[PDB]
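Trainee: Next come the chains, spelled out residue by residue.
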Amino acid sequence: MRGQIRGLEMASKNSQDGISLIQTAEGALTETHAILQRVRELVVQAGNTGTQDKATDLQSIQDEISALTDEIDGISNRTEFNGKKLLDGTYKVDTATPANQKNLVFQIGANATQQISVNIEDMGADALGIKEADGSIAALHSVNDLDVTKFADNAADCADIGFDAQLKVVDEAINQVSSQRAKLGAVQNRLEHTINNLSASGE
Amino acid sequence: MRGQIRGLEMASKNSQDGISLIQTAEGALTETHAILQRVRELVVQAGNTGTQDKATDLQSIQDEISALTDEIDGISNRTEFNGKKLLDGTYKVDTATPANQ
Amino acid sequence: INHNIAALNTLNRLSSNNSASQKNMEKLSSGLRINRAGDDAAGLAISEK
Amino acid sequence: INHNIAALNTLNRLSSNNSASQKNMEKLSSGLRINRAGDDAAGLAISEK
Amino acid sequence: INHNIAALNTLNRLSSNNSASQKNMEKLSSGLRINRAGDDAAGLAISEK
Amino acid sequence: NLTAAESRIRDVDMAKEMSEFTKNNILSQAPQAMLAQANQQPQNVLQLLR
Amino acid sequence: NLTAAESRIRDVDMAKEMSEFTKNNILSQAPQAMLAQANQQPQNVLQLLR
Amino acid sequence: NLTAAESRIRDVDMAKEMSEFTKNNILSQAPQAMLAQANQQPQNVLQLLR
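Line by line, the protein sequences are chains A, B, C, D, E, F, G and H.
Quick note: the first sequence, position 12, residue 63 per the entry's author numbering, numbers continuous.
Quick note: the second sequence, position 63, residue 114 per the entry's author numbering, numbers continuous.
Quick note: the third sequence, position 17, residue 19 per the entry's author numbering, numbers continuous.
Quick note: the fourth sequence, position 42, residue 44 per the entry's author numbering, numbers continuous.
Quick note: the fifth sequence, position 24, residue 26 per the entry's author numbering, numbers continuous.
Quick note: the sixth sequence, position 33, residue 287 per the entry's author numbering, numbers continuous.
Quick note: the seventh sequence, position 13, residue 267 per the entry's author numbering, numbers continuous.
Quick note: the eighth sequence, position 12, residue 266 per the entry's author numbering, numbers continuous.
Just chain A, same shape as in the assembly:
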C-alpha cells in the first residue's frame, strides 16, 4: 500500500508537470493563432485591394508577412520546454510508420502500462494538410507568402497565385492550429480529472 501511495503521489507530480507542459504549448499555439488572424487581415488587405494597391505596397505588406512568418517559426522554435522544442513539428509526426515518432507519453499509474499518449505536430512550415508541405502552396504561403507580385499577376483563377489557394492555406492552417489545441485541452481535461481520481483514491 505504501508502494501505491508514494508512487501515486509522485505520479500526481508527474501529471501536474504534464499539465504545465501542455499549458505552455497551448498558450504558444494561442499566440500563433492570433498572429494568423492578423495574417488573414493581410491577405484580405492583400487582395491587391482588388488591384487598387501596388506591387510596391504589397512588397511592404509582404515584408510584414515575412516578419510575422519568422515569428511563427519563432513560436514553433522558441518553445524549448525543458529543452524540448515541443512545437517542433518533427518531434511527434505519426508518419504512417513507427520509424520515428517519439511518442510524448506520460506515466500515471504507480503500476505498469498506465500511460498516456500525446500528439504535437505544428510548425511554421505547417499549413493546409494535403499530406505535408505540398509545394509552393499548402505550407509555404505561410512561409514564402506568394503575395509578392505573383498575386498581382492574377487574383482569382490560376489556383496557385489567385487569392484562393492562399486564403485557403491560411484557413486550413488556422484549422490545424484549432485541432491541435483541442487535443491539448482534451489532455488537460484528462489530467485534471486524473489528478482528482489519484488524489481521492490515494486519500
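If you are wondering where the hints come from, they were derived from the structure by calculation, not from laboratory data.
Hints are all accurate, no fakes.
With a cut-off of at most 27 Å between alpha-carbon atoms, the simulated DSS-like pairs for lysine-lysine come out as follows:
#, chain 1, residue 1, chain 2, residue 2
1, C, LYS51, D, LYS25
2, C, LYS25, G, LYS270
3, C, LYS51, A, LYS143
4, A, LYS64, A, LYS135
5, D, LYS25, C, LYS29
6, A, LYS153, A, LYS143
7, A, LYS64, H, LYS277
8, C, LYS25, F, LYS277
9, A, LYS153, E, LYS51
10, H, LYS270, C, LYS25
11, B, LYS135, A, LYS64
12, C, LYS51, A, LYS182
13, D, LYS51, D, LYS25
14, A, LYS182, B, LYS105
15, E, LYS25, G, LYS270
16, C, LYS29, F, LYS277
17, H, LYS277, C, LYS29
18, A, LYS182, A, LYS136
19, H, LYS270, D, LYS25
20, A, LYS135, A, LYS153
21, D, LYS51, A, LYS201
22, C, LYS29, H, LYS270
23, B, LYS143, B, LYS64
24, A, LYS64, C, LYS29
25, A, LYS182, A, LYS153
26, E, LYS25, H, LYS277
27, A, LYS219, A, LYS201
28, E, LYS25, A, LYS64
29, A, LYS201, A, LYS182
30, A, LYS136, E, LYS51
31, A, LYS153, A, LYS136
32, H, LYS277, C, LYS25
33, A, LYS135, A, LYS182
34, H, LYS270, E, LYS51
35, E, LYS51, A, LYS143
36, C, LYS29, F, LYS270
37, A, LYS105, A, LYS219
38, A, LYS143, A, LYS219
Given chain A, work out where chains B, C, D, E, F, G and H should sit, using these hints.
Mentor: Okay, now just chains B, C, D, E, F, G and H, sitting in the frame of chain A:
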C-alpha cells in the same frame, strides 16, 4: 470467550479494511460520475449545436470524449486496491451462472 | 492515530477550491470564459473561425 | 504556495490592456487611426502618396 | 536488567522524528519543498534549467 | 451580428463568474480552518490521555 | 506558464507540510515521554525488589 | 519616444513589484513563526525528559 473476543477484535480489523476498500471504489465511481456529467455536457454541446457546428468541430469534441473515455477506462483499471482491479467489471459479474463470479 | 490524520480530504477539497477560485480569477481577469486551454475546444475553434 | 501566486496572467492581461487603452488614446488624441508605426504599412505608404 | 533498558528504539524513533519535524520546518521556513540537497535531483536540475 | 456570435462564446456573465469566484473563495477559506482543527485535536491525546 | 512549471516542482502545499510538521512534532513529543517511563521503571526494582 | 526608452529601463510594473512585495512579506512573516517553534521545542526536553 477469549476465542470469541480475540477473533472478534481481528474481525473488527477485517471490517474496517472492508470500509477502506468500499470507500476507495466509491470515490473512484464518484470521479467516474462527474466525468460522465461532463460527457452529457459534450453530448448536448455535441447536439451538432443542432447542426450549427461542423464535422471538424465535432471531431475536436470527439477527441475530447475519447480522452475522457480512456480516463473512464482509467478509473475502471487504475483502481488496483491491494492489487485488485476491483472496478474490473469482469471481477464480479453475476453472469446468470456460478461459472465465474 | 498520531500517524495519519483523516482530514486529508480537506487538503484535496482545498486544492480543488484553489483550482476553482484561481480559475474564476483567470476568467474575470481577462474578462473571458473562453479557455486558453482547448477546454471548450469547439467553442474555441468556432470562435477562432 | 507562498512562492509564486498564479494570477501572473492577470499582470499579462493588464499589460496588454495598458497597450490597448494607451493605443486607443494615441489614436483618439491625434484623431487618427493611421499609425506612426509602419503598422498598416500599405495604408501608410498609400496615404502618403 | 539494570544494564541496558529496551526503549533504545524510542531514542531512534525520536531521532528520526527530529529529522522529520526539522525537515518540515526547513521546507515551511523557506516555503519550499525543493531540497538544497540533491535530494529530488531531477526536480532540482529541471527547475534550475 | 457575427460579433454577437463571437460574444456568446467568449463573453462573461461577470456577475455569474463573480458569484462563483466568491463562492469558491469561501470554500477555500473554510476547509483551511478545518485543517487547523484536524491538526489541533491530537494535542489533547498527548496532553490529556498521557 | 513556465513559471507554473517552476512552481509545480518547488511550490509547497503549505497546508500539507504543516500537517506533516505538527504530525512529526506530536511524534517527537510522544516518544520523549516514553523515554521517561523507560528511564523510570527500574527504580522499583531497586526500591521494591530490594 | 526617447522618454519611452527611458521608461523601459526605469519604469516599474507597480502591480508586479507589489506582488513580489507582498510575496516577500509573507515569506518574512512565515519563517519568523518557524523560529518560534524551533526556539520552543527543547522546553519539553527540559520539562518532560527530566
